[PDB]
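Let's have the full structure, built from the sequences with the hints guiding it.
As a plain string of letters, each chain reads:
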Amino acid sequence: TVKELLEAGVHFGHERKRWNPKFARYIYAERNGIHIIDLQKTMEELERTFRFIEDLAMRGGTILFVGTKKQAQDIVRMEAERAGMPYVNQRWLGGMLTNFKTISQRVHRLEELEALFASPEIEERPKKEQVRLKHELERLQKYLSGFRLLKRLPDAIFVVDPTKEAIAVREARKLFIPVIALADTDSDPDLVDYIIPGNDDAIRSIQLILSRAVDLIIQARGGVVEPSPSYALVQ
Amino acid sequence: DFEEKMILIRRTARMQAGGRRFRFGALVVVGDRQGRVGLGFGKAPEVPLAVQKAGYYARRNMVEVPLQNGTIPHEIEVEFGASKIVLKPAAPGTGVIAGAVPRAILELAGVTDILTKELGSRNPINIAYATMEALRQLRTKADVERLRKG
Amino acid sequence: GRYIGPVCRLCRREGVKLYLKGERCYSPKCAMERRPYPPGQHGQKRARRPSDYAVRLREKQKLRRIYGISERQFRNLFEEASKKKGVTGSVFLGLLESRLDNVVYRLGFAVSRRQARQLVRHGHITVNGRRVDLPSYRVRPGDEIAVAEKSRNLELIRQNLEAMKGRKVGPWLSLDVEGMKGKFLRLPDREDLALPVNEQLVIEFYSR
Amino acid sequence: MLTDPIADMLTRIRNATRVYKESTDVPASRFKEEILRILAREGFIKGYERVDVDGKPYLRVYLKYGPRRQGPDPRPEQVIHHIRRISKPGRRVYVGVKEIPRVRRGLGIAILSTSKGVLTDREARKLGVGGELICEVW
RNA sequence: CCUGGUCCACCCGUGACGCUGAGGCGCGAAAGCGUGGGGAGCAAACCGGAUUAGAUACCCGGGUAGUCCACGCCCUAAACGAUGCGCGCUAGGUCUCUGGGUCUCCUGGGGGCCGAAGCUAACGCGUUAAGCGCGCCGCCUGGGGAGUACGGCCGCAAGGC
RNA sequence: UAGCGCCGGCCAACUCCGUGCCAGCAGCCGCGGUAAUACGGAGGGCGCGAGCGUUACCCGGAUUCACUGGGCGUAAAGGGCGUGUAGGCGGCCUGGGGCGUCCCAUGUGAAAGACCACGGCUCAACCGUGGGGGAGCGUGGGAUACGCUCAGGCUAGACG
Ligand SMILES: NC[C@@H]1O[C@H](O[C@H]2[C@@H](O)[C@H](O[C@@H]3[C@@H](O)[C@H](N)C[C@H](N)[C@H]3O[C@H]3O[C@H](CO)[C@@H](O)[C@H](O)[C@H]3N)O[C@@H]2CO)[C@H](N)[C@@H](O)[C@@H]1O
Ligand SMILES: NC[C@@H]1O[C@H](O[C@H]2[C@@H](O)[C@H](O[C@@H]3[C@@H](O)[C@H](N)C[C@H](N)[C@H]3O[C@H]3O[C@H](CO)[C@@H](O)[C@H](O)[C@H]3N)O[C@@H]2CO)[C@H](N)[C@@H](O)[C@@H]1O
Ligand SMILES: [K+]
Ligand SMILES: [K+]
Ligand SMILES: [K+]
Ligand SMILES: [K+]
Ligand SMILES: [K+]
Ligand SMILES: [K+]
Ligand SMILES: [K+]
Ligand SMILES: [K+]
Ligand SMILES: [K+]
Ligand SMILES: [K+]
Ligand SMILES: [K+]
Ligand SMILES: [K+]
Ligand SMILES: [K+]
Ligand SMILES: [Mg+2]
Ligand SMILES: [Mg+2]
Ligand SMILES: [Mg+2]
Ligand SMILES: [Mg+2]
Ligand SMILES: [Mg+2]
Ligand SMILES: [Mg+2]
Ligand SMILES: [Mg+2]
Ligand SMILES: [Mg+2]
Ligand SMILES: [Mg+2]
Ligand SMILES: [Mg+2]
Ligand SMILES: [Mg+2]
Ligand SMILES: [Mg+2]
Ligand SMILES: [Mg+2]
Ligand SMILES: [Mg+2]
Ligand SMILES: [Mg+2]
Ligand SMILES: [Mg+2]
Ligand SMILES: [Mg+2]
Ligand SMILES: [Mg+2]
Ligand SMILES: [Mg+2]
Ligand SMILES: [Mg+2]
Ligand SMILES: [Mg+2]
Ligand SMILES: [Mg+2]
Ligand SMILES: [Mg+2]
Ligand SMILES: [Mg+2]
Ligand SMILES: [Mg+2]
Ligand SMILES: [Mg+2]
Ligand SMILES: [Mg+2]
Ligand SMILES: [Mg+2]
Ligand SMILES: [Mg+2]
Ligand SMILES: [Mg+2]
Ligand SMILES: [Mg+2]
Ligand SMILES: [Mg+2]
Ligand SMILES: [Mg+2]
Ligand SMILES: [Mg+2]
Ligand SMILES: [Mg+2]
Ligand SMILES: [Mg+2]
Ligand SMILES: [Mg+2]
Ligand SMILES: [Mg+2]
Ligand SMILES: [Mg+2]
Ligand SMILES: [Mg+2]
Ligand SMILES: [Mg+2]
Ligand SMILES: [Mg+2]
Ligand SMILES: [Mg+2]
Ligand SMILES: [Mg+2]
Ligand SMILES: [Mg+2]
Ligand SMILES: [Mg+2]
Ligand SMILES: [Mg+2]
Ligand SMILES: [Mg+2]
Ligand SMILES: [Mg+2]
Ligand SMILES: [Mg+2]
Ligand SMILES: [Mg+2]
Ligand SMILES: [Mg+2]
Ligand SMILES: [Mg+2]
Ligand SMILES: [Mg+2]
Ligand SMILES: [Mg+2]
Ligand SMILES: [Mg+2]
Ligand SMILES: [Mg+2]
Ligand SMILES: [Mg+2]
Ligand SMILES: [Mg+2]
Ligand SMILES: [Mg+2]
Ligand SMILES: [Mg+2]
Ligand SMILES: [Mg+2]
Ligand SMILES: [Mg+2]
Ligand SMILES: [Mg+2]
Ligand SMILES: [Mg+2]
Ligand SMILES: [Mg+2]
Ligand SMILES: [Mg+2]
Ligand SMILES: [Mg+2]
Ligand SMILES: [Mg+2]
Ligand SMILES: [Mg+2]
Ligand SMILES: [Mg+2]
Ligand SMILES: [Mg+2]
Ligand SMILES: [Mg+2]
Ligand SMILES: [Mg+2]
Ligand SMILES: [Mg+2]
Ligand SMILES: [Mg+2]
Ligand SMILES: [Mg+2]
Ligand SMILES: [Mg+2]
Ligand SMILES: [Mg+2]
Ligand SMILES: [Mg+2]
Ligand SMILES: [Zn+2]
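Protein chains in written order, with UniProt numbering: chain A, 6 to 240; chain B, 5 to 154; chain C, 2 to 209; chain D, 1 to 138.
Honestly, the hints are just simulated from the structure, not real lab data.
Idealized CB from N, CA, C, for every residue including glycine.
Heads up, some of the hints might be wrong.
[Unchecked claim] Computed cross-link-like contacts, EDC-like style, restricted to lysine to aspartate or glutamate with a CA-CA straight-line distance of at most 16 Å:
#1 B:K145 to D:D73
#2 B:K92 to B:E81
#3 A:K27 to A:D191
#4 D:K32 to D:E132
#5 B:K92 to B:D117
#6 D:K46 to B:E149
#7 A:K27 to A:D220
#8 A:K8 to A:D220
#9 B:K153 to D:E77
#10 B:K57 to B:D117
#11 A:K8 to A:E50
#12 D:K88 to D:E132
#13 D:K56 to D:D73
#14 B:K153 to D:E42
#15 D:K32 to D:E136
#16 A:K27 to D:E22
#17 B:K9 to C:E145
#18 A:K27 to A:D43
#19 A:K179 to D:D73
#20 A:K8 to A:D43
#21 D:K21 to A:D195
#22 C:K182 to C:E145
#23 D:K116 to D:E34
#24 A:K27 to D:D73
#25 D:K21 to D:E77
[To be verified] Label pairs and their in silico Cβ distance ranges:
#26 A:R226 to C:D53: 48 to 54 Å
#27 C:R209 to B:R64: 31 to 37 Å
#28 D:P5 to B:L123: 29 to 35 Å
#29 D:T11 to B:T144: 24 to 30 Å
#30 D:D73 to B:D5: 29 to 35 Å
Printed below as a string of structure tokens:
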């Protein structure tokens with residue numbers, strides 16, 4: 006719960022083009038053909054955002070951490086593993102929210118097959134099944150890994166790039182689910198309920214923001230877990 | 005609790021090699037006559053499934069109607085596609101004066117007396133949608149002054 | 002006109018028990034009791050979901066056949082009530098209930114409405130002491146509907162009024178049985194009438 | 001040039017609000033100013049003020065909207081849903097005092113120009129004067 | 001050589017002198033007409049050779065009007081963005097022609113593309129609007145009969161309105 | 001005294017027989033070529049009833065000549081293009097007049113009819129009495145925001 010001048014790399018935005026005019030309020034100026042995020046407005050929105058987050062956290066709500074960006078993959082996979090929160094890592098399957106029942110059936114089949122590879126019954130029936138069901142588990146664990154933690158619709162979602170993840174965003178809107186996001190200059194601010202106007206590219210910004218966020222979560226529910234071990238993923 | 009009436013059932017057709025293939029659309033309105041309505045269009049291989057599904061959708065999508073003594077607070081024109089609906093408030097005892105479609109929708113919203121007209125395209129689907137939209141746009145003096153506080 | 006045909010058949014077509022017969026519609030002979038399905042060859046077959054128009058038509062026909070009035074008189078009354086101040090439905094019902102024949106029936110001088118119409122046409126009824134033979138005569142509040150002094154010795158009126166001893170009369174009517182006279186106190190509210198009729202459907206039927 | 005300055009202002013305001021502009025400038029005139037007063041009083045705009053764009057006078061109309069909404073399309077409710085010009089150059093609409101309309105059964109307004117000045121429907125009806133029917137806003 | 005339109009920079013001059021535009025007047029592709037000239041290539045008509053069941057066509061060899069020039073007529077068209085003119089307003093991105101500037105870029109005029117809001121029956125349009133508005137002109141009112149008949153005007157005629 | 005029309009959908013009311021793209025029906029969509037709820041008859045039903053149907057004509061629905069209240073990229077519809085006459089339309093500020101516009105008062109707007117109430121024919125139809133209206137135009141008085149006009153000024157349109 007500090008930040009301030011400790012933000013390094015965030016104020017860097019996307020290029021001159023590729024931007025969204027609706028984002029103009031959050032820009033300071035254009036340096037070297039690069040929109041630079043407004044220094045103060047970032048913290049301005051940060052307060053309200055993290056306040057919402059703390060409230061939601063201590064109330065017992067769940068947050069779905071979402072990004073595909075491959076910059077944000079290896080971060081989210083742990084940062085969401087910290088606390089209790091579910092995440093979407095590999096890709097966002099259309100209907101995970103709106104079709105959520107049907108998608109949950111796949112989770113039931115997942116723990117179904119994990120249960121199959123538990124019992125003696127792995128060897129029962131020909132290798133035809135043993136080669137298949139193993140790959141079924143393979144992909145089910147590849148996609149639904151962080152999604153398995155959702156027993157019911159989430160009370161909010163967290164998004165790294167809201168333009169990239171804009172489907173998740175869209176049906177979160179559709180279900181009246183509060184949308185938290187880290188927005189860059191290419192993104193529509195209007196769709197985001199609680200905005201974090203920063204660089205969604207560099208691993209530094211993602212690490213900083215999500216780590217601080219989960220820190221706030223566990224801080225709200227108490228226990229004060231140690232500093233996030235995603236810091237070695239700077240690579 | 006929830007009263008529901010279908011508007012039009014229709015049978016459509018696609019064309020596959022060696023034949024026509026029939027599907028069924030159903031327009032169902034649901035409402036409590038307490039001022040809450042809903043409208044849905046279900047589509048299924050057979051009529052009952054389409055009707056039931058339509059009911060499901062109509063209960064999904066709802067509209068809160070601000071009734072004043074059984075009638076509407078103020079007049080609205082609404083254009084949905086080429087269809088146009090004109091709703092106008094009326095004194096008690098008038099009864100609902102409307103075509104089949106908006107009659108059903110209004111009656112299930114708990115409207116006693118109203119005056120309407122269908123203009124442009126009369127196509128029942130778009131008229132229904134137009135009506136729902138009209139109801140969705142109505143405001144009360146309360147809401148109005150809620151907006152203009154400043 | 003005024004019909005003149007099988008009545009309990011209409012009990013059956015309208016699907017509700019109407020009393021056009023006076024007594025025996027109370028007795029379990031009404032045939033609406035023993036054959037509640039509609040009249041004719043196809044009466045017992047499954048009915049198809051009626052059109053909106055069908056429902057309105059049938060409701061208005063119900064309301065009309067209850068009072069045994071021709072469609073012309075009926076229409077005239079409705080339009081008259083429509084031009085009038087006040088709610089059209091209630092005023093319609095009020096105007097229907099103001100008919101002399103209906104009042105005679107209500108007061109229990111007659112067991113059925115048709116019998117009452119005969120009683121009016123044959124001069125057994127007086128209004129304020131003057132004889133009135135028109136069943137369509139509109140009664141006004143304050144009017145005393147009595148029986149003809151010369152008709153008071155008639156067997157039918159004996160039977161009917163002897164039955165009326167102990168029976169209560171509608172709130173807008175008063176009845177003196179001994180003198181065989183009654184007073185029309187006011188016009189009935191919608192609340193007063195027990196009619197198995199949605200009037201708004203009839204309003205909707207002429208609304209077309 | 002502009003054929004109808006007032007219709008133009010109304011349109012400027014419409015176009016400005018549909019994109020949710022913070023404010024909008026319109027070329028200044030006393031009449032426009034008089035209209036804007038009514039607008040502000042009736043609560044359709046946050047307010048207006050005289051400014052100078054280049055060396056020429058303008059009116060900044062600060063617009064007004066509802067709260068952010070839920071579901072898809074968070075875009076707030078317009079305070080001005082409908083603003084429409086009635087009397088135009090080339091067809092001019094004058095009403096008597098009994099001919100003064102009632103907008104959305106009172107939920108809207110209509111701006112009249114009268115000899116007693118620029119008034120609303122309620123205002124003129126109360127003052128007992130008719131006039132030129134400038135527009136309807138609700 | 002003669003001559004029309006237009007764009008930018010300066011902020012100099014006049015002080016609403018503006019917009020549209022029924023009639024009128026002028027222009028108006030190709031074909032076609034009149035007079036005179038010209039005539040290489042092409043080429044309606046036409047003359048042949050093929051093909052075909054036939055082939056008054058497609059293919060091949062010829063060929064006249066015409067195409068070309070001058071002057072005078074004709075007034076048509078898928079004369080098309082199938083989108084009247086003028087002005088104001090409403091995100092941007094990108095390519096390009098042409099000015100100006102503190103010349104990565106900014107700013108102005110034109111031609112393209114994708115797209116905000118919005119519009120549209122959809123297709124699509126979207127600061128080059130088919131969006132939001134005002135002014136003024138032209139036009140529409142089911143299909144065939146029929147752009148015919150009649151009348152009038154115009155034209156040498158063909159024929160046009 | 002009880003009759004007349006209808007029962008494929010629009011549109012309230014269905015079965016048997018005869019007929020076999022015939023005879024015929026039909027307002028529109030349509031029905032009839034062997035098992036017709038659509039022709040013809042019968043039973044039955046629906047609707048009106050001293051009437052019920054048909055034809056013609058008028059308004060309606062028809063926002064289908066769109067003032068209220070429509071359109072013209074591809075559905076009918078932008079003139080082949082310009083120049084410009086009459087006409088229509090007109091940026092910002094001040095002042096005068098008060099033609100348009102608005103307000104008050106007053107005259108007129110016959111009766112019958114229309115509306116409302118009470119009343120006479122036993123009811124009603126028919127009729128009597130009373131009340132309430134009212135656009136338009138005339139006269140007198142008043143207001144001046146907008147449009148008009150005259151007088152002055154400005155430079156954001158236009159022109160140089
Ligand atoms: N021409 C008769 C006049 O009737 C006047 O009275 C008029 C109205 O009061 C009366 O209206 C009648 C009445 O029963 C009551 N007030 C309401 C009722 N709905 C109407 O009944 C009838 O009115 C007319 C024919 O009279 C028709 O429209 C129709 O037959 C019927 N509606 O109808 C009369 C018009 O004919 C006055 N007595 C007087 O001017 C004069 O006698
Ligand atoms: N398609 C007609 C076009 O009309 C234009 O001008 C037209 C429109 O700009 C103008 O606006 C009209 C309005 O007057 C009339 N009262 C109603 C009509 N719906 C409006 O139309 C306008 O608004 C609607 C949305 O409401 C849009 O869908 C439509 O595109 C737009 N033209 O009315 C004009 C008459 O139609 C051009 N002058 C003409 O060249 C062009 O052909
Ligand atoms: K619209
Ligand atoms: K809807
Ligand atoms: K020739
Ligand atoms: K053309
Ligand atoms: K340069
Ligand atoms: K679309
Ligand atoms: K295409
Ligand atoms: K295209
Ligand atoms: K025969
Ligand atoms: K057959
Ligand atoms: K038959
Ligand atoms: K007609
Ligand atoms: K021409
Ligand atoms: Mg509401
Ligand atoms: Mg439309
Ligand atoms: Mg009301
Ligand atoms: Mg139509
Ligand atoms: Mg009435
Ligand atoms: Mg009434
Ligand atoms: Mg009517
Ligand atoms: Mg108007
Ligand atoms: Mg007047
Ligand atoms: Mg009213
Ligand atoms: Mg009130
Ligand atoms: Mg100067
Ligand atoms: Mg000067
Ligand atoms: Mg011009
Ligand atoms: Mg011209
Ligand atoms: Mg030419
Ligand atoms: Mg030529
Ligand atoms: Mg020649
Ligand atoms: Mg020659
Ligand atoms: Mg050759
Ligand atoms: Mg040859
Ligand atoms: Mg051949
Ligand atoms: Mg040969
Ligand atoms: Mg040749
Ligand atoms: Mg020659
Ligand atoms: Mg010409
Ligand atoms: Mg072209
Ligand atoms: Mg072009
Ligand atoms: Mg173009
Ligand atoms: Mg061009
Ligand atoms: Mg052009
Ligand atoms: Mg066309
Ligand atoms: Mg254009
Ligand atoms: Mg033009
Ligand atoms: Mg010009
Ligand atoms: Mg131009
Ligand atoms: Mg450009
Ligand atoms: Mg070009
Ligand atoms: Mg595009
Ligand atoms: Mg869109
Ligand atoms: Mg599309
Ligand atoms: Mg434009
Ligand atoms: Mg034409
Ligand atoms: Mg023409
Ligand atoms: Mg014709
Ligand atoms: Mg033609
Ligand atoms: Mg021709
Ligand atoms: Mg001729
Ligand atoms: Mg000649
Ligand atoms: Mg010839
Ligand atoms: Mg010829
Ligand atoms: Mg039927
Ligand atoms: Mg027949
Ligand atoms: Mg046979
Ligand atoms: Mg048969
Ligand atoms: Mg039959
Ligand atoms: Mg038939
Ligand atoms: Mg029969
Ligand atoms: Mg009679
Ligand atoms: Mg007609
Ligand atoms: Mg009607
Ligand atoms: Mg009309
Ligand atoms: Mg109409
Ligand atoms: Mg017509
Ligand atoms: Mg119009
Ligand atoms: Mg049209
Ligand atoms: Mg075509
Ligand atoms: Mg053109
Ligand atoms: Mg033409
Ligand atoms: Mg002016
Ligand atoms: Mg002038
Ligand atoms: Mg005057
Ligand atoms: Mg009179
Ligand atoms: Mg009387
Ligand atoms: Mg008067
Ligand atoms: Mg005067
Ligand atoms: Mg003055
Ligand atoms: Mg003045
Ligand atoms: Mg001047
Ligand atoms: Mg210049
Ligand atoms: Zn009975």
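Taking the hints in turn, this is what the structure says about them:
For the proposed pair B:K145 and D:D73, the alpha carbon gap of about 24 Å is over 16 Å, so the pair is violated. Restraint check for B:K92 and B:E81: satisfied, since their Cα atoms lie roughly 9 Å apart, inside the 16 Å limit. With a CA separation close to 9 Å, the supplied pair A:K27 and A:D191 stays within the 16 Å bound. For the suggested pair D:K32 and D:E132, the alpha carbons sit about 15 Å apart, so the restraint of at most 16 Å is met.
In summary, the hint linking B:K92 to B:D117 is supported, as the alpha carbons are separated by about 10 Å, within the 16 Å threshold. Between D:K46 and B:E149 the CA atoms are separated by roughly 14 Å; this keeps the pair inside 16 Å, and the hint holds. Taking the CA atoms of A:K27 and A:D220, the gap is about 31 Å. The hint is violated against a cut of 16 Å. Distance check on the hinted pair: A:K8 and A:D220 sit about 12 Å apart at the alpha-carbon level, within 16 Å; holds.
Between B:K153 and D:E77 the alpha-carbon distance is near 14 Å, which keeps this suggested pair within the 16 Å criterion. About 31 Å separates the Cα atoms of B:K57 and B:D117, which puts this hinted pair outside 16 Å; it is violated. As the CA atoms of A:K8 and A:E50 are separated by approximately 13 Å, the hinted pair is consistent with the 16 Å bound. For the hint linking D:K88 to D:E132, the alpha-carbon distance of about 10 Å falls within 16 Å, and the restraint holds.
Between D:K56 and D:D73, the direct Cα distance comes to roughly 38 Å. Violation of the 16 Å bound is thereby established for this hinted pair. This hinted pair checks out: B:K153 and D:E42 have alpha carbons roughly 10 Å apart, not beyond 16 Å. For the given pair, D:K32 sits about 15 Å from D:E136 by alpha-carbon distance, which is consistent with the 16 Å threshold. Using a Cα cut-off of 16 Å, the hinted pair A:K27 and D:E22 holds, with the two alpha carbons roughly 13 Å apart.
Of the supplied pair hints, the one linking B:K9 and C:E145 is violated, its CA atoms being roughly 49 Å apart against a limit of 16 Å. At most 16 Å may separate the alpha-carbon atoms for a hinted pair to count; A:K27 and A:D43 meet this at roughly 14 Å. Pair hint A:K179 plus D:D73 holds up; C-alpha atoms about 9 Å apart against a cutoff of 16 Å. Annotation: proposed proximity of A:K8 to A:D43 holds, straight-line Cα distance about 15 Å (limit 16 Å).
Distance hint between D:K21 and A:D195 is fulfilled; the C-alpha atoms sit about 14 Å from each other, no more than 16 Å. Proximity of C:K182 to C:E145 is assessed by CA-CA distance (about 7 Å); at most 16 Å being required, the pair is judged to hold. A threshold of 16 Å between alpha carbons decides the hint, and for D:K116 with D:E34 the separation of about 13 Å falls inside it, so the pair holds. The suggested pairing of A:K27 with D:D73 holds, with an alpha-carbon distance near 14 Å, which does not exceed 16 Å.
Of the supplied pair hints, the one linking D:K21 and D:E77 holds, its CA atoms being roughly 13 Å apart against a limit of 16 Å. Separation of A:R226 from C:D53 is about 60 Å and departs from the stated range, judged on CB atoms against 48 to 54 Å. Between C:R209 and B:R64 the beta carbon distance is about 34 Å. The supplied range of 31 to 37 Å therefore holds. Against the hinted window of 29 to 35 Å, the Cβ-Cβ separation of D:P5 and B:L123 comes to about 33 Å, which satisfies the hint.
At roughly 29 Å, the beta carbons of D:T11 and B:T144 sit within the given window of 24 to 30 Å. For the hinted restraint 29 to 35 Å between D:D73 and B:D5, the CB-CB distance of approximately 30 Å keeps it satisfied.
Consistency with the previously given hints fails for numbers 1, 7, 10, 13, 17 and 26, ordered from lowest to highest.
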